[PDB]
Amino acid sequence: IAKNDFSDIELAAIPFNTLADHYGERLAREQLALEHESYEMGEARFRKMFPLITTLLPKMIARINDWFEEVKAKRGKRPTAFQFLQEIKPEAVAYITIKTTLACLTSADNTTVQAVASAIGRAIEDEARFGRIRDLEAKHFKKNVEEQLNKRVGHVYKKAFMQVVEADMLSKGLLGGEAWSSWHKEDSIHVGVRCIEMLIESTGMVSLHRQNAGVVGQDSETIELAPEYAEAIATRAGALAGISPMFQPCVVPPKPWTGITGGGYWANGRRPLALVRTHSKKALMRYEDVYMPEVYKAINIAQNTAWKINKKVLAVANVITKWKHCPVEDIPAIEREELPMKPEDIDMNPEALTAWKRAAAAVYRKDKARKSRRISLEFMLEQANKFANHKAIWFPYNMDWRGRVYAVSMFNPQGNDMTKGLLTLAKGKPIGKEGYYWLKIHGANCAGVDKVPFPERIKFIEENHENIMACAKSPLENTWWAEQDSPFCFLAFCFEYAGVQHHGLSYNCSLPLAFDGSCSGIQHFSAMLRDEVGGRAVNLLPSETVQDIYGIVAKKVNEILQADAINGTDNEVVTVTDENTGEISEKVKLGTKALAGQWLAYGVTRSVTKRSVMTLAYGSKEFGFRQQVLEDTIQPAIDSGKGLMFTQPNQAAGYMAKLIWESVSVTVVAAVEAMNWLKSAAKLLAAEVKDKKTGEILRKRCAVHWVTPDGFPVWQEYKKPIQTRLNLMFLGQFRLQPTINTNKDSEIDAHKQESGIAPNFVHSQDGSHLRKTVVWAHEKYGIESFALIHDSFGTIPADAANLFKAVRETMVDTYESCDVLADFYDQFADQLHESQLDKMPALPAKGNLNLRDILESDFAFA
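Return the structure of the sequence above as one chain only, in the form deposited without adenosine-5'-triphosphate (ATP).
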């Protein structure tokens, strides 16, 4: 086993040699040097730059060295942070701090001092451990490999891409080990805070801001990028030049996954990755001796897809993103937004200095989001320009606890419109007639034309032939592209399309074309339950037009509103009608007739029901399916001037939640019953074996376990964290006392358990559908390149026709040969429920849906 079985000298060289054996010593050296940038900036890269890191780094290194002197020079307890940091090379501490902090800031929401210090501590710990082997590894690949030039030539422009290595061709010293941290959270945060503290000191890159001082539920301490830097990153070209994300693309095929850890990246002087991202080392260990051939096969095929930077799109991105007025509206503006001038009569205490406190707060909230989106956009550009001339790049892959497949590097194919526009597939093929037809459908989809039949989409592109061509010819002059649904992806399509026009159907195309599942989850529920009516709302049946479940739930909500607008309850006078005197409050019950009228005044369209349908239950909801409707629809309407029809904003929200839930309940009947069934099972599995006085325990709380069709096991185990607070003197100014969740757990969270079972089950379900599709499209048809995004399947034009066929085939096959619900039942039958075992059961009935009809469904991608 790598751990022990080999010497630090052998581990240091074991990857270089093999990476050199194949690929050659130039790429082999580059790939490991690339991986080492996650811990330390090479002296070669840094000094060459004489970009913010040219000031930041030295000012920071110098501060760490001085902090150490101040600590040693005085008597008494040494700060906990020092204990751990004292051993790490300061150049590494400074670089990790800079990079981790800027990365956390690409988050629009969570930048609390906990999140950032936590992320820094984790990375600092990777270096403490692994650092010795990194130092040796670097010394090793600096020296040219031994003789025979043909072997070292490496690349040799062999117009065919590098091929992954064979599993058995991997020395045991490459079988990675230990992806989980071993430091206590208290210490990790201790280290993270001190590092943040020194960064604020040496440079003024960030600052600490107290949010909502006094609110038990919202009080927070957050990191905010300083205006000076926000403006430099926004207005300068390459401000982030030598500050790459912690996880980057590979310049050679990634290491294949053979076990629980160590797959993807090649270096041994790094912290290996985990095959599955779990909540604890223990949970990860469960996969150690599992055996799931199809899972590894799938991850390894996706990982082996070769990509490359789309230079034409990059050239445009690099130029317009620096304009003070970008044609692509979703590019964070460069100028800030001034605070709404006080009413000069602010002293006035009406809801003016209250509504104003809300207006300004909002502006700060958007400015933060604007700075984060900016930082993010710049990381992507720094990475697309870094790899712009490579023949090909690769992305290693991971899986979340439910089995969903994710690319590891920050810049990846699963990103936003721009990022995906910057990426294209490497090995392509002559497009042909069929491939050219789908390239156009992809062009249509990139615009907003996707809820219409294919011939219309095809009609759409042709009618704009000259627009498309003009954009490909002078993108900066003709910005019709920048106005489309997915601008950058639409632009990429325009260059490809123009290519076809110039070279004919023999044109070698590699733009990844994508197929998306309608609604995902309701397709899976409808398919596993064979619900023809539910399946038809998503797109499981061959229809003449595209069905929009969001639109049909909407029409159903509206006919109930028209129903209540005519009849329905009347505005019950003030509350006072169930007691006597005083409390005339709640002077309004607003009958459904008034509630219906308010909503009809507002509108209630597909949009209003869609996002609303998405934030409740399946997705991300936190107590109150209406307490979200009041904040995502009514509130923003009121805040923007409108919303005057909502006299009692809370009751309006309460009323619409019931209509939407009541609408979906009769639209996807079979699916809701399946969710409740899954919920019931979860509640019992998480329950505790009691009894009348003699509350001994026969069965302590249990986690919900189940196995996906392709063989991926998943264990749902939400737990309650054991918290604590640290007491850190911060900048000799005040005591930062952060509340933190410890690595120690107390007891299973019963509520969280049953609230997540349904969405976590369908996700693990689509997760294996995607894996099986990858395997099948690869072995059955000859698909080598894949663009995977949880429910979007893509590849090059000439293979599109078969990919389109493979998602359906794989979908049909899994549900015909597997009764996942019954299989689930046979999992929490024995282990689960002690004696009782009643009230929960009754597997939902199988419907009349013919799964074979999915093979003929045009719009049922996925």
The other form holds:
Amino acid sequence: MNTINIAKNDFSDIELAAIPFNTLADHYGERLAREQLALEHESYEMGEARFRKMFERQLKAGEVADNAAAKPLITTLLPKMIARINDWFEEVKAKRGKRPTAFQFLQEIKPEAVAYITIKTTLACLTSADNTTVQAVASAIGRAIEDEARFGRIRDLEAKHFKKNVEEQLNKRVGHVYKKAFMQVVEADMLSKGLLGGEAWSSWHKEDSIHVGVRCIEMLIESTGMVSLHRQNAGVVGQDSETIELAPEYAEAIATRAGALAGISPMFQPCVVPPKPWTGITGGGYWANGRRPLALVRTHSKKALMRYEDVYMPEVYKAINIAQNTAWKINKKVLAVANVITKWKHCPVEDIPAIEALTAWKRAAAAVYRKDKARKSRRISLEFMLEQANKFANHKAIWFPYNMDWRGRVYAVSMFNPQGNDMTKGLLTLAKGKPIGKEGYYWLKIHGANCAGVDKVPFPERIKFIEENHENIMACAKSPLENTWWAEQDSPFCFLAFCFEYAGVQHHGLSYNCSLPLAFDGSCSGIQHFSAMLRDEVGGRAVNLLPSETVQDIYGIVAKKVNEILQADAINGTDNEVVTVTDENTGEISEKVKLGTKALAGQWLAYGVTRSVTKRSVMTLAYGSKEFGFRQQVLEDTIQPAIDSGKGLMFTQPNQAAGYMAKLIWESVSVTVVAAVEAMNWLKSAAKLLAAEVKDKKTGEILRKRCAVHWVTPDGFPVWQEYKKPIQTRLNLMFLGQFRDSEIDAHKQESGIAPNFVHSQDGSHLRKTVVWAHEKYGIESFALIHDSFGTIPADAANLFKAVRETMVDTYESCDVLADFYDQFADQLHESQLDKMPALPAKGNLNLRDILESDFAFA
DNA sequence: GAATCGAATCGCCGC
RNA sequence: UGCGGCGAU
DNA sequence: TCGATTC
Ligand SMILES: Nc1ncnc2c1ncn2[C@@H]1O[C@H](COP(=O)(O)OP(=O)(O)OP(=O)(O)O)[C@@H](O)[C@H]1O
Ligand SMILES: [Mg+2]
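For comparison with the form deposited without adenosine-5'-triphosphate (ATP), provide the form deposited with adenosine-5'-triphosphate (ATP) bound.
Time for the whole complex; same chain goes first.
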């Protein structure tokens, strides 16, 4: 209802608390302490205003129950409501006479679905509708109950398997009106197939819809004291009305909770002084003692955070503190360019003036619908990044606090950060530059070639590309609005940032102070790291771990492999055959042709397979994708765009072409990156054995409990993997699904063990690289995006060294898979040792060759 | 045990 | 939390 | 397609 303002006492404290002010003043003066504390004050005040506007919107739209402030209320109210409507059924079944009107209607819908639909629509009508009458509420319940009753039988019974293909398309619909209108078309569709038993819904008359909710408000009042009954002008047969009113104690409960949440979600802005050095778990980054302190590790529970207060990880704490100390400044030159073209185009790069029938128009309709959502979503994030960039444009330097996710990858904390998109990366440059010199100018050109998309080509031709395009780079720097060439590039705003620094060198020579971050992006991190542990020679060569004759394109290597299978299958492949295929719901038994590998090879060679067909499949390998997931990928990535554009005529049956290509890609990656495939299988089997509760079937009691997965990275960071699942969840078709120590989810443990392990290794590599570049060399400024390592051009050659030396030091010292085995080997039940796979065999790779690989980049 | 389901992390915006 | 959309890796 | 979860 009426939320307290938290700012009058709580948000004033962060500016006036004298312990945080003094610790900030002692480091960077009292004046910068006053601006920084007032900025963190604005960050909390902006965050309270963000909550109050979203709360006001949910108030008008009746979605107050969807807000977090009403959730713990409804959690303690739902058991009492289900039991009253349950016990009322048993009473009416025992009472003689005719059943009440509502009794038959309340049965077809799930009883827990009654409880939520009544609670949500009561506070929807009591907060937005202004009509507090018992009839407008009770009817509004009854229409919402009939909607879940009528279209719920689609989800529940007569099409539960067929529900799985309409469920996604219903989720894409935005709005309860659009979700219902879509449900009307599917209902008419299945009834034409006789799927819902051939029984069409008889719509409830307006009298019963009120009678359903009237009993529902009564059962709400009988069970809980959420709403109280009121009668006005009693006895007057013309004015006798009944209204309902929210209990003031419960409206006070949501207002107190909403005020508490408003002071808890801030809008994290950059720092005008260097960030608070992390000494412990909390309170780092920002300097003030706020209501939400920054956690060093972003954990989903406060218990998983508490395990980090005992551990001694001095090398971990150093690397975040060094990465915090890197002073950035807003690139004013690209800010001048971005400020004008954003006023003319929605996206400044999206358009540039350069040189089965019914399912098709449905597919194009879903494309312009998603693209309409995509353009409005892309623009609002752009307008915020531009406002933050224009805000801190005049400051001599700004700083970003850093923490880490529960695996150890480091992330900046502020919303505007150097880990953003191409434009956000372009608006941000380092502040403390050095004279560029010969080596820095060389790497500045290599960075400019990478921004243009010329990264598949060895270094001398990258320099040649820049030198050939000298007059175009100079024209873009002199007049960026008159020469749109930089906008046509792959990373356009970061490329234009290079153009300004390139022109600055041609003007002021090699003594030019350049503070541009020069990012070195390692090729495929997970495969690089997986091939490093098990020492895969061919796998490392595929990801440029080895010094190669040229830049190795792993997608092109896999595309080369599938093309060799394609040519062999076009000759010696299987012919076509006719198989009987039955769809179980229809029950039909028809004959369809099954393309053999000879025919399917001829289709794909007619399409012409390149690195683009195999690209996304290789990239999602470290996330766990295998032969199934490739089949879905190549269907929507290459086959479906082909048939939409006029190609794909060779794909007579596209799912057979997808599954055939899926098989072919999987045989190719599995023999190209053998150490990647073997290591994720070893981690998956380890997490499977730990996530299982063992019990002898003749004993029953559990001999071993659900065990989590635990390891420590080589720089000392520990990580607990404990995916947990709730026990009860409920979903509604037209309304949001709401919930009703906890068990470990064995599937998510196995699904996530291999990506999180290799992500923890690359975060340890990024952490170790930051300290090695800072203590062996004099590097102070760091651009870090998990995969990419960037610094000023003068320090670029040394960061190029340090990112290589760390990986070969890490894997020469620690066998990360053998140390992983030493963690869980005690936790294994005696019946599981025979099933546990052995450690994969080490290969012929020399780690020292990484030190002389140009294209590892990292 | 036959039946049934599944096929990485982080942040922002909306419902 | 879930769902939709965007971005980063 | 194929083995873990889950009726
Ligand atoms: N590390 C990553 N993991 C998964 N997807 C990624 C990653 N980096 C980028 N993408 C996605 O890949 C697509 C763009 O591919 P991108 O150009 O970045 O690939 P690449 O590895 O540089 O290859 P190439 O230069 O051959 O195109 C986008 O959908 C982007 O979101
Ligand atoms: Mg690229």
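Positions refer to the first chain, counted from 1. In this text, rigid core is short for the largest set of C-alphas that superpose within 1.5 Å between two forms.
Enquirer: Once the rigid core is lined up, just say which one of 440, 420, 194, 772 has a C-alpha that travels 2 Å or more between these two forms.
Expert: Single residue meeting the criterion: 194.
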